[PDB]
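> These are the residues of each chain, in order.
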Amino acid sequence: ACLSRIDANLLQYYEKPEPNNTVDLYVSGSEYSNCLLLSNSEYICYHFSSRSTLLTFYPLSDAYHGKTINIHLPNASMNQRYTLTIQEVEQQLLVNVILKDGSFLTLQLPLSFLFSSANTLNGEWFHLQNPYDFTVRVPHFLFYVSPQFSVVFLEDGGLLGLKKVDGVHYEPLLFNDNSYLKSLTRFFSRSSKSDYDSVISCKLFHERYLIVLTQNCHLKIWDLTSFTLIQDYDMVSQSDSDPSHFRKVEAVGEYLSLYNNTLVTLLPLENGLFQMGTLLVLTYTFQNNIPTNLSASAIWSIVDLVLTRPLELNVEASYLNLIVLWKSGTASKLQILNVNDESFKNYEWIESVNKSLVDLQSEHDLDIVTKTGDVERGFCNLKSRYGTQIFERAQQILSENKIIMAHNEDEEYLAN
Amino acid sequence: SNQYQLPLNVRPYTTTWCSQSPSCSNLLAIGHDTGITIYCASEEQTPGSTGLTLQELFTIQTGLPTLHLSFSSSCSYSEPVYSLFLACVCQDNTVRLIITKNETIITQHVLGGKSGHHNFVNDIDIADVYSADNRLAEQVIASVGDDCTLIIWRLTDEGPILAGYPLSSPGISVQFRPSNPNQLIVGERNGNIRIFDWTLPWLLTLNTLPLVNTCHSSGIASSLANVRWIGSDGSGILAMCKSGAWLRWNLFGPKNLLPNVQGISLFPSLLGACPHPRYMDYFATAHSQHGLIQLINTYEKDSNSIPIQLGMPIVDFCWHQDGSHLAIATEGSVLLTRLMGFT
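The listed protein sequences derive, respectively, from chains D and V.
The first sequence begins at 235 in this note's numbering and counts up one residue at a time.
The second sequence begins at 103 in this note's numbering and counts up one residue at a time.
FYI, nobody ran anything at the bench for these hints, they're computed from the structure.
You may find that some hints are simply not true.
What the hints assert, rightly or not - Facing chain V, from chain D, some residues (calculated, C-beta under 8 Å):
hint : residue
1    : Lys-416
2    : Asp-599
3    : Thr-606
4    : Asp-608
5    : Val-609
6    : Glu-645
7    : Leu-648
Note that beta-carbon positions come from the ideal geometry of N, C-alpha and C, so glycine has one too.
Just chain V, with the same shape it has in the complex:
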């Protein structure tokens, strides 16, 4: 493990790799109480133990807390100059898209007030949509909140298009489908899981609550932590409960009648699962409060693998695109740790 300190007065809230855009996949953003900081990951000589070190590049000042953070495919590099596009959520309950050239915010769009969410925003994600001619036609941001609303915010050539959709319960996560921006997934706090075609009722709703194996009772309150697609065509869906209970469904052949596989993490997962970018069957989950991280294999290859235990709480974490490195933001730092097995 190598450890890289965040500035002394910087409290991290969120950590994400720029896996969404290959030109910028070595860019790391930390949303904190005064903005979003960008770091670069480089192969040093090091020892080929952790043959990867972190270089802090710069800090984008915003003046208020950043709670969720997503890079877009529009990110680019030039010589040098970084052209960034970031979706995030701020203390004023607004959802924003910030477009920068390095630390300087050259452009900013803000969706808030009554036109925005009418309660706390719980999650956000972003994807670039191109026309048939293949110019940038739209950038699309999806967000979910405690106002029982899902918001699709499309920024198009002739300007913004806003749409709201009602939910049976607070939205706790949202993510567009890989290799198919026409589809996306929305998570409700109550265990409902929506598959949605925004170009169009919405196509499908699964639910983890009634499926709990109950060989070991998952408890009275098993609030849904997370749902994410897996695979590079978005061939699968993985859902994780706060309790640690997880379930996986695949989407291809024949007729289907239950979720394909199911299990339970050793610990609660407040932050939910972070699926491996290269190995579908694998995902990571943290015991954020004691600072341990379990690695789970869906086809039970795993047998309780806990590669990571810190002596401190974990605020957030995410896989580097290479699949062997992990970046983890803790309350005062970010660690890059390399698991030798995944190399």
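Bound conformation, chain D alone:
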């Protein structure tokens, strides 16, 4: 383990577990969250709520004094954050969201407004729109390509194009699709709820090529100049073709990321295969399958992966680095795959500590410093340790469950 965990609760120093400056915008976050870097060198954070009805923004480097903005949505998005995009166009956060009813919502949030004091917003910061009939063919994945262009992926397997003409209106530019004709075979139906080989991951290469990963782990490659299927690789027929079970991916997730012209793909074989080839001209060319090192049955799920330039690790022999984030319940696992050379055959897995020192010390009773004694002493201890957001959320959960402090010295309470 070459890395350690440093936990940061951006409100820890302050008594109020919420910023005084919070603004609620309304249109006529504990399920997804991410950061995005902007023109001004500042990081903006965003959260999409459990229901996918609330979007929240706040500045990484000024969470307490800066403004957090809650944007309320009329209904949930069709398929969670997977039907949502956020990109900085020109001094604005452009946010598009296909909603459940079929609407295509546009949000325009000026950069200024995100770092201003204002609790008001002027002008058309949102546009509703119905470009296609999503009642019949339900979409599930929205992918940004450009300020005017971005594609839609459908549950049945089809791609839709979406071209912006003026500043607001969008129109379907359909792609040629003859994949459906496998319906002719006795092994597939159009009407079947199975059989769909929908896209589960997608990346844009050199502005023009659109690399898609399907539920059956096919890598298809679309040329946006042609709007034509250029490539179709079966990722699985390379390694040991197990007739027993290849788990066709049953949800959209982060199963590939590219750096320059390299491309790693996550294939499920005991949840353990990182294929990585190279792109070049368009041609994808295999190099090696790198398994994972995971035990206790292998019950970790990919959260996010990011292929990137090498780090400063204890091994100078490095060419590329894949950062990998697994999850199993609320427990997480961070690993770095180091590839040594341009052959993807020599590599090394680097693990990290997945609990902070403070937490480990508390769990393992290795804390010698924290003052002992009084019940209220323990109160100060825990309050100071955890921060107000958590401490008050915990005191909220207590009273709901009818657990109430008997007296000053209720040790049975503190235990809880």
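Assemble chain V onto chain D, guided by the hints.
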């Protein structure tokens, strides 16, 4: 229960029986804001409910507060005249030994300033050490404070010998080992527990912090309240946290790998545990703020016994040597209460 009032302007800080010396075990001292008061406990006819009453004998004036108090084995009675030796701590942050004939202080030794503790003194204890010939060779006082120091103060035939020892944290209690004055125990605020041979590194250090059973989390701050030896050979060690968590270790046979037993008082114990002089497995602990006292049995015979509940805060308490009576100083009084079961 029988209740005996302290003088109207007397605020008690500490209460201790003279169990350390059989000649004087019916003597009770109360340290207060102007000195140390001595009472005598006698078997009246009474009803044999509480067949024990308290008679106030006298008051030793010192002119300043007394926070901790310990009789020595040197105490004696004569006809009548009481010859007393008391170790205590005063408002000037000094540690003192006062030798009296009744209320009159005939002799006084004071250890303070820079030569003394350099912060607040948290605890004191005293034992008499005799030579091979068996004259009084030394009287030894041990004390611990917030200056991260343990002080051993020996008063010998050729005069005083002073020694200081550094601590990793403030000293919160200290007590010589029963039947073996060569050994003693020192408690640090941080949970460290030292066994020490002062005649001589120091022999052993246990710690209650990492041992907390955590079936019920004892909390973030579980500052060590008290550690005391138990048994008449000092065969055991008992430690109690402010949180009420307690632990017991024995010292004999074979090899050892954990504390022998562990538990938790119903309430916090600001003053710590007061082990029974006759029943090792038993000790008392107070919820000093609401004025309740729980009685705990180490081998779980107890099942939450709370023989004492006052409607008032408890300042201090201690067992009479007989093991059935309890003396308790509250903010304005001292009670003698007899638990019928221990008779």
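> Now, for every hint given, state plainly whether the structure supports it.
Taking the hints in turn, this is what the structure says about them:
With 8 Å as the threshold, the beta carbon of D/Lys-416 stays out of range of chain V, its nearest partner Cβ sitting at about 59 Å, so the hint is violated. This hint holds: D/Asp-599 has a C-beta 4 Å from the nearest C-beta of chain V, less than the 8 Å allowed. Hint status for D/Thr-606 relative to chain V: holds, with the closest Cβ pair at about 3 Å, below 8 Å. With 8 Å as the threshold, the beta carbon of D/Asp-608 comes within range of chain V, its nearest partner Cβ sitting at about 5 Å, so the hint holds.
Taking 8 Å as the C-beta contact cut-off toward chain V, the hint placing D/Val-609 at the interface holds, the least distance being around 5 Å. Using the Cβ-Cβ criterion of 8 Å, the hint placing D/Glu-645 at the interface with chain V is satisfied: the shortest such distance is roughly 5 Å. A cut of 8 Å between beta carbons decides the hint on D/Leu-648: the least distance to chain V is about 4 Å, and the hint holds.
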